[PDB]
Amino acid sequence: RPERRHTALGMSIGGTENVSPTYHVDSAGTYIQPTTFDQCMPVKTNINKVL
Amino acid sequence: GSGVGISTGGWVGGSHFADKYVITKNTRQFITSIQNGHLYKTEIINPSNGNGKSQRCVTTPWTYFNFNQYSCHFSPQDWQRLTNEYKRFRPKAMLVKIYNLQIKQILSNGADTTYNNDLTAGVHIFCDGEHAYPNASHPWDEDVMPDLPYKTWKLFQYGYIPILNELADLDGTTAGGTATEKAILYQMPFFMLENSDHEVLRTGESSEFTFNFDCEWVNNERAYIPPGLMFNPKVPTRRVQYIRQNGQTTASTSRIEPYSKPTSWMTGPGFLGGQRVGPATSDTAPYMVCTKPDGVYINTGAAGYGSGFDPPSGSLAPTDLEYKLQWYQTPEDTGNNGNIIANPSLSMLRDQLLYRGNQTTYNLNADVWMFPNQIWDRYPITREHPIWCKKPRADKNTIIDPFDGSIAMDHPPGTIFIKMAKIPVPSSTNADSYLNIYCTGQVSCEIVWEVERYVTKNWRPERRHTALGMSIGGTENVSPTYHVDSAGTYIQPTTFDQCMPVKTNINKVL
Amino acid sequence: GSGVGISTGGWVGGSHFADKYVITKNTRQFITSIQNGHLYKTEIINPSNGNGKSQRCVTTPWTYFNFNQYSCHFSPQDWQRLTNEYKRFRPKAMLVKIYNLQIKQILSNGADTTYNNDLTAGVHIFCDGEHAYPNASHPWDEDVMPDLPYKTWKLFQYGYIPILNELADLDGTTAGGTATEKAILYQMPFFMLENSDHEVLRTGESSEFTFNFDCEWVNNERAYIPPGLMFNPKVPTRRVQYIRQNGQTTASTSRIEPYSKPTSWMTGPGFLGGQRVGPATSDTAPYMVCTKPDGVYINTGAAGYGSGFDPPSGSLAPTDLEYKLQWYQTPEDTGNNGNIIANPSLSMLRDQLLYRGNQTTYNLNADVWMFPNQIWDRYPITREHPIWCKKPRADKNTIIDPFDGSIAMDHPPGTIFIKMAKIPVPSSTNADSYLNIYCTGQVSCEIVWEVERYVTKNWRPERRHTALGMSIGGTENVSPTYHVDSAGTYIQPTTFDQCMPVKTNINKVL
Amino acid sequence: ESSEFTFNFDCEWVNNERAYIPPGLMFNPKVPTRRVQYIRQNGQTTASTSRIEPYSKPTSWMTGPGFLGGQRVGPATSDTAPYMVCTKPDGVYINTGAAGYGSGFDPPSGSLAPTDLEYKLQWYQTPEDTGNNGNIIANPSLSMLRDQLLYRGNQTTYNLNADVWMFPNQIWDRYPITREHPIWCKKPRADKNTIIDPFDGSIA
Amino acid sequence: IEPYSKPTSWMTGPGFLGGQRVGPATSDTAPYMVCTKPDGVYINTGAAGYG
Amino acid sequence: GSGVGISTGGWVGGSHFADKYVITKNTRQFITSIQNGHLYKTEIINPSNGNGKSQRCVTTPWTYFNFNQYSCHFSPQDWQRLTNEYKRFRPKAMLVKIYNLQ
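Protein chains in written order, with the deposited numbering: chain W, 492 to 542; chain R, 33 to 542; chain Z, 33 to 542; chain L, 237 to 440; chain D, 288 to 338; chain H, 33 to 134.
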């Protein structure tokens, strides 16, 4: 079966004009920070393991 | 050694991923039975509600292996990893084996049927690699190898259309047909697979077939911008735009704005102009490709002397649901359930449109033909698509880009034909009497897939196919997609993204 | 040669004792039949009286060989001699062979069933040595090879728990489950043994599998004293004991008595603090090891999102019968008959306890965690114990000492999976119809056991396992233990010492 | 001028994998077990001896270590942690509380499932972040070697064991690190140590 | 978290401060007894003397 | 050659993915200034609201490079691909260069 992967579709949109997606620069040049823990792309998530 | 009690092969399965290649291995248990009672027959299908559409069909005492789909060669895990980790892939080499054959005699004593093997019985196997015979397979057929390795594969009867019927049907005022229609029957080819040399196997034997692909790549990449956005907005352009006098607006000459530069790159081809024509039992397509020699008599409409061209749309954005690629996921699906409607891949070389200004507004150009400087991506195929199609032998052709996404080749993988060897029975009445038998066996397909890994200078994360895009269904509604149910039912992908299309994940700098 | 009338093996049996090794040889006649009608299925077992405990189970069309017990590889004679003559032993190399296969067709004509062989039928055999699939075997299962070489071995269906159910069960106020539970289903793995390459055999064929153990020893020795008694009573100690003022008793400073010296060696770990929680149909253990991610919805108690940890007690002396290892000797045993309750081995590295002084008396410490300087012996296994268990793949772990006594390994002996090759049947109704078949065959297991003989300067005789410790039972009550009855019933060991545990006979100087 | 420096790591792997089941689910539900469960008399319920159910087999594998028992102690300007690791030689004079002769141990929780927000790893994404904005709270990785819990039966129900020490046969995954984590930490030079598994996820 | 208190990854070493010695001095007086008590033995004494 | 008008290095950046290894390359422009006026000092931080918590701190006329985080060595693209395509990873060899000093 397919497994979980980290996707840009898990990113969120923010900024001064609220048009800037995560990990992208803003109009002011501000770098949009990850809002949530999954946007930081943790390990031990995607790849299944048989014990 | 070799004999009845020695197996001629073993189960092969799984995948092997490398940098430059992927090897998929699939084995199935297949079953074949007698077809047409060992006869060749030519039938006319002429549905009363088919709105005058008809076919001539030569049905053969033969069945055939169809390997053409992606889902049969890739698990959903393997397909995910393929489309997530690679920018492009193509088939390299195919190897198929038919082995572990069992021919049973079918004994009907009553409502109870018994099965015991005829050890001296045999089975015909013919691979046509030169395409000397009408091609068995066609894209999007349900004859293809199953997705689940443990499901039995039932071979389909081989048949072919000898002629276009309405041209051959000998209808009209004159008796016996016109002179042109009769001339089209007087040459109607007739093909027998028995005309070729081929193999007859017993249980202790086996056969194998190799095929080498030489193909164009299937590109998994997406355009994040259209070709028209490839300029720099901050630098001015030298170009001048003259706008003619419109009504009370004076004609003006000015420098084109820096944020709109002119583009050299046209919308790809496509037809948004046609519409399907009911009823559903006829051939319903926005466009018919017809052949109508002079002197034939046609008492029907365009459907029935021609074939429907579907999807009509090219890289053009479908303006209606009729123009979208759509298929049922299982053979038992009907109506609005089980169907998967294609949705945009959000690639900017897809979903193109062309507008012409009337000097007031822009109006959509529905039918976009081939025009110089057109740039488009080929269809975003999914794990359920035909891999290839048969390209017609012809003098001339334009750019070959089947809109369903299948890869047209002069020679695709040859079709392996299989039938039960006839076992005649003595008849005092000179009746045609044969012994009722069937063959089950194991067929394996190993394909080597040439692959290429992507390299990107993109800073930001990119889309990938995730199991979190799956949906939950079943009898108890606890079963996630691509998983088995309590009844053993395999949960089918509900939506187009669950089929994991290409040209989605991996960004591409134009 | 090779064929249907030539046997592919022979019966191997018995043992060979040497100084540094023991070779045990065991052959069994096994039977396997079709499972799940050749389907993979995912069932939810959710007993009404199970007190909210549930499992997801993927059941497979597969059966598997389980060699893990000591009694299947050792006769009671050989086990006696092993534990009497050797200080330690471990598995060295395993060799298993599946051969002399017979696939019969099952014919039901009525209440009468007939059996005749399909010579071209075949059988799938897959050994998983990389543990790429969920492990089939688990300690203390009844699927294991029989003790009596002449008894038939019936293989058990292979199935695995895909997910923890209460985490996946989509229960709660919100419809369709929470976001976390759905995410846990959206990835629920699904495994098919058909995804691997494996072997298909007919009657004239055979397969064999080798496995090399690298293991810790099973130590057969007993401590005649605890580690705290290792001093000399006659020599004084330099150590001072200060006793604080208690009530009207004055604080004192004095030399510790020569007959109590301080010890550096702590009680081994264990839990005496927990208690089982009924009813018997739920998971009843003094301790639950649970997983409870945040965002799941749990409508049950600790049982059903967790697994019972049993035996809770470590080397600690069980304070109640709940803490003692206990098993039924045959699958038909119920209640208080046929059960064997573990009793002390009278080794002084077992049955440990920890008390803390409150300065009046000493009170038992029920839960003893890992603490430095702990010394204990591993459980005194018997002829009926699992030999090994599967160690989970994980980043971190503490000292691996399964309290049942089984040896946890990263890779145990691989599980050999076997199923009947499907023999599809023609169906006009497109029903799924297969031919009813089963396989019987002979499976042999040769294990080489590395052993070590004891050396002792003890003057006095030591305990040994004696047939005089056996008991007499049967239908006529004349049959001694490990002997057959008049009906052919094999007299089972009634008590734990008749199972001949280790860490009993051979004394050990600490 | 210029300078350059080389360093060779010899390290344990950072494992990116998830357990889809806990170690306790590794059995087969359909095959029976030989194991017997004896349940002592509880109130008016009679003591029973029975074969353990096939769908619950006993597990050999304990919950990993962790502390759910402690609580942070304000105010925020002091050292606020559920646990203080302190050094207090004899003869020193201490006019303060445990904080200030000791260091806060955070995250207190091990692979144990955090029972409160205090136990979760949390950080601000930029140096200018304050309060409830810019902070990232760790959430479960949905790995079954993480978010472990330990209950003991009182023979009526099961009650949570808050503080799980090292115990034999414990199986757990190390913390699910993200793109923002320390890669390594300095391991103290010392005679003795237990298993080294920094709960933040950094490699000592 | 304040810069002068950072979180530590390093726990206190093991030990027992909880026990207390039990008189009189002529017995075995320690805060803790490590005992062995197989089932079936008869113990007429306290923890000291089987441990 | 070498001198004031010759650069001692160049900008290195990006990543290289292979089967058995990944190479991450990162260059930064750094700035350092004088610290403590070239003195070593021992300060006692003893906040009034710190609830009795205090530290001794020896502050030095020195600054230091800290490379320890994952985000500094991996772009979010590279980190995604790392965690999607690989079961495990560890650091192998580090090489740092200080150059183009002004």
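Honestly, the hints are just simulated from the structure, not real lab data.
One thing to keep in mind: the hints can contain errors.
As the list claims (entries may be wrong) - Derived pair list, reagent style DSBU-like, types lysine-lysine, alpha-carbon separation capped at 30 Å: (1) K119/H to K423/L; (2) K423/L to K52/Z; (3) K266/Z to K356/Z.
To be verified - Coverage of chain L stretches by chain D, computed from C-beta distances (three or more under 8 Å per stretch; other residues unrestricted): (4) 306-316; (5) 333-342; (6) 360-369; (7) 378-392.
Beta carbons: idealized from backbone N, C-alpha and C, even for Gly.
We went through each hint and held it up to the structure:
{"no.": "1", "hint": "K119/H to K423/L", "verdict": "holds (26 Å)"}
{"no.": "2", "hint": "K423/L to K52/Z", "verdict": "violated (44 Å)"}
{"no.": "3", "hint": "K266/Z to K356/Z", "verdict": "violated (38 Å)"}
{"no.": "4", "hint": "306-316", "verdict": "holds (count 5)"}
{"no.": "5", "hint": "333-342", "verdict": "holds (count 5)"}
{"no.": "6", "hint": "360-369", "verdict": "violated (count 0)"}
{"no.": "7", "hint": "378-392", "verdict": "violated (count 0)"}
In summary, the structure is inconsistent with hints 2, 3, 6 and 7 from the numbered list given earlier, while agreeing with the others.
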